[PDB]
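**Q** Chain residues, written in single-letter form:
2 protein chains.
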Amino acid sequence: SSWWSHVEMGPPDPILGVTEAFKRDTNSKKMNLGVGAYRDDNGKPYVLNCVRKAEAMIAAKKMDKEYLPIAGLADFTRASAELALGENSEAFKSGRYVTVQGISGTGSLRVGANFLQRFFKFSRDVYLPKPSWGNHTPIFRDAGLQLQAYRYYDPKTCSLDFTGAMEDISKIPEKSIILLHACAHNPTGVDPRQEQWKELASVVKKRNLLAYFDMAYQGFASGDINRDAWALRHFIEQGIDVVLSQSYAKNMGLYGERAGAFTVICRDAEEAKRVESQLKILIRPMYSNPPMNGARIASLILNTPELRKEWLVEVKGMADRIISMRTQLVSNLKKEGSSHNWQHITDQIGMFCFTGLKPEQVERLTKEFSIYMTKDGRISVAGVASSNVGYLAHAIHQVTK
Amino acid sequence: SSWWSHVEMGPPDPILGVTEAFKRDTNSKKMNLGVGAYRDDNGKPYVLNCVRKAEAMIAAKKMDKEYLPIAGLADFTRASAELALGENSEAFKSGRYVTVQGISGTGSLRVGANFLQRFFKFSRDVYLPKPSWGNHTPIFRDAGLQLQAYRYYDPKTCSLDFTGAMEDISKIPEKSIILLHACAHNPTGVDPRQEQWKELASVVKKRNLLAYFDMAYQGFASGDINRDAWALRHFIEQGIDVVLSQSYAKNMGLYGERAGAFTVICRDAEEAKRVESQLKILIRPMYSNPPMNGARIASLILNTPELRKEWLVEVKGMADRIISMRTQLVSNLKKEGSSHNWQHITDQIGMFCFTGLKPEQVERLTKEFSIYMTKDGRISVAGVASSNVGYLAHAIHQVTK
Ligand SMILES: Cc1ncc(COP(=O)(O)O)c(CN[C@@](C)(CC(=O)O)C(=O)O)c1O
Ligand SMILES: Cc1ncc(COP(=O)(O)O)c(CN[C@@](C)(CC(=O)O)C(=O)O)c1O
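Taken in order, these protein sequences are the chains called A and B.
Position in the first sequence (from 1) plus 22 gives the number in full-length UniProt numbering.
Position in the second sequence (from 1) plus 22 gives the number in full-length UniProt numbering.
Bound conformation, chain A alone:
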């Protein structure tokens, strides 16, 4: 008997653990369709051109490695709020906001919750869609907040259950926290329509709840970053002071570098200064200050007219590609002879596809086809190549035949 004898072995991550299990498979035809990591048409990681360019300038400017402020890189931060909010935003213009650099999306979401457990006097509950990204549960629970749920998807229909959502939401106690996916919901691949959003904003505004936005995919729903912040902006413009988390891990391909942020919309700029000091007090004892490499890069790209230009054209490129993957998939499905309707493949948006497959099926994929996915039927359509789509379609078809 020592110190950690009583420590159990916990199981691998639902999402991240799949990469592990993949990594160990010997088959030449493996497919990593678990984590949402974008592949090129060659089946290779893709590091944006504007990111490669961005580095080079960093390299060439012979930059120091001194410590950032608790809050991050002022140019990154500001540009982040601006990307989310928009330049003509009142929010932004009056600077009634506070942006804090963070360890990518997760790091932001966490910091946010931490902030919430401290300061959000009103409630301890956080409502999340049914379903939602695996990770949101732990993040919030570990932060010391309660979790709840609101209806969201209809597996029967392979679409949004707006009637249900509305019921639920409408019954959420006043001043509670409600998590909303800004765009390209994970893992569904379905977002409310502009009209439905307007509705939610009504209810949310009426019942006076807290709207926490998780935006890990700006530009990946529509391929437009603007279009993509529509709902988040509307809410703001409707008068609802939201809090939000942003990740550049995917839209800018800075997965490993960890560039993200956490934002709080306040009444006044004073309020902001205040909320800021608290968040610094909160981060410091968590990791002191944030990683500088990705922030620099992003900072550089958002703030340089020519890289921001190049950036958008590259973002559209990846969505387009994901698009061409859904398509071709569905096609290879029919050509394999699939009896079933795979419409939801092309109708869903984002990186994934929530196909409806059952567990043995997933099992089957892995085991016979060395096709990696989450046990929920969710594949990562972005990790598919022109070179492997027929195989997957094959495999999906057989295990489903």
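The reader is advised that the hints may include incorrect statements.
No copy labels: a pair is met if it fits in one copy or bridges any two.
[As the list claims (entries may be wrong)] Computed list of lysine-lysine pairs in DSSO-like fashion (alpha-carbon distance at most 27 Å, straight line):
#	residue 1	residue 2
1	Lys-51	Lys-423
2	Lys-331	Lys-84
3	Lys-45	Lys-338
4	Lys-228	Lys-357
5	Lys-227	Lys-331
Calculated directly from the structure, the hints in this document are not laboratory data.
Assemble the complex: chain A is given as a structure, and chain B with the ligands must be docked to it using the hints.
**A** This is chain B with the ligands only, laid out in the frame that chain A set:
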């Protein structure tokens, strides 16, 4: 009344906030000697040569930016452990340890604090030395632990109060936690001498305390890495299963990059595997995975023979230079006519000087000389330049006259 009306204004950080205040001083003669960051002789940041080289390799290698495992870059993680434990180390040759990449020493420290709060079922108390680095308090507290203290420095003599330490130490309830700075005790600069250290070990082992070592300055206390970890290694050799955080921020100047780790010393490798399992689960909903640049760099260096050579050498030169500043600083104070005994400056080791100055002096230093330092009297001797030690001498003296 809004959501955040009750959010008060929080104070600036006792260490990091200084850097803020300096930033806003226009005096052409300002000196920031608050946080422990190394400057060259010209009073400028120093990017290790070895680091510029590793950089350029990562570059020419054309690497991806894909997510790193939840526990980090294996190669960095391995090297860290080896650096700390030594290559002949049983604990290391047998694999009874678990290192995980963290967000610098601070993150590392927090993860271990979180793990402890979770799995250390025998005690909630954390014993810190008097005095200790300011951030230790909050990290421990924010994690759900209780803080306690033990005697350490005796300001009347400007040295370790080994007597009281042993006393205190000897009375600590069994199975409690004991924080020990591996070397270059921040902010004191007074470390136990080997023999004393032998005597601490015995009391630690006898009362059965869990020893958590803070290892942020390897190679800054003696210029020697191995000699610097003597204590740590001794502890473990006597069979004391420690927990430990490590930073490469200083020692490799990767401040901003956020590069460190947290190691748990297990009974066996199985135990070790279990513990890790739990670590990941603890880290996943915090930040998901850690930031890759710092680790690529430290890894490339720690593992590429020539780079190691180079690195070590650069560590000597930095330690050497600090020493000369101390020496020069003391002399200048005499050349200016100081009556007081400044021996301590030279006696102390590491990055700072715990000069004894009282609050009002610190004030004057700020106000009239625009000389920045923590209010405890702590100046960072690593931040003095050939070109300003004079000035400093001058100022310290006038305020002291
Ligand atoms: C809804 C959602 N929020 C936040 C994040 C934060 O990720 P970050 O910390 O790396 O920026 C992701 C990433 N989701 C991925 C693609 C990866 C992951 O699980 O972390 C996923 O596979 O679902 C996400 O899908
Ligand atoms: C004892 C000790 N531990 C851990 C750290 C953490 O540094 P890291 O989180 O970047 O890896 C520091 C840093 N001490 C500094 C240099 C910086 C600080 O206050 O955070 C100091 O000024 O004392 C330290 O002095």
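**Q** Hint by hint, say whether it matches the structure.
**A** Hint-by-hint comparison with the structure:
1. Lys-51 with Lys-423: within (20 Å within a copy, 78 Å between copies)
2. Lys-331 with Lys-84: The answer is both: 25 Å in one copy and 23 Å across copies each meet 27 Å.
3. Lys-45 with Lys-338: neither (30 Å within a copy, 41 Å between copies)
4. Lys-228 with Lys-357: neither (50 Å within a copy, 74 Å between copies)
5. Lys-227 with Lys-331: neither (36 Å within a copy, 63 Å between copies)
Checked against the numbered hints given earlier, this structure breaks hints 3, 4, 5; the rest are met.
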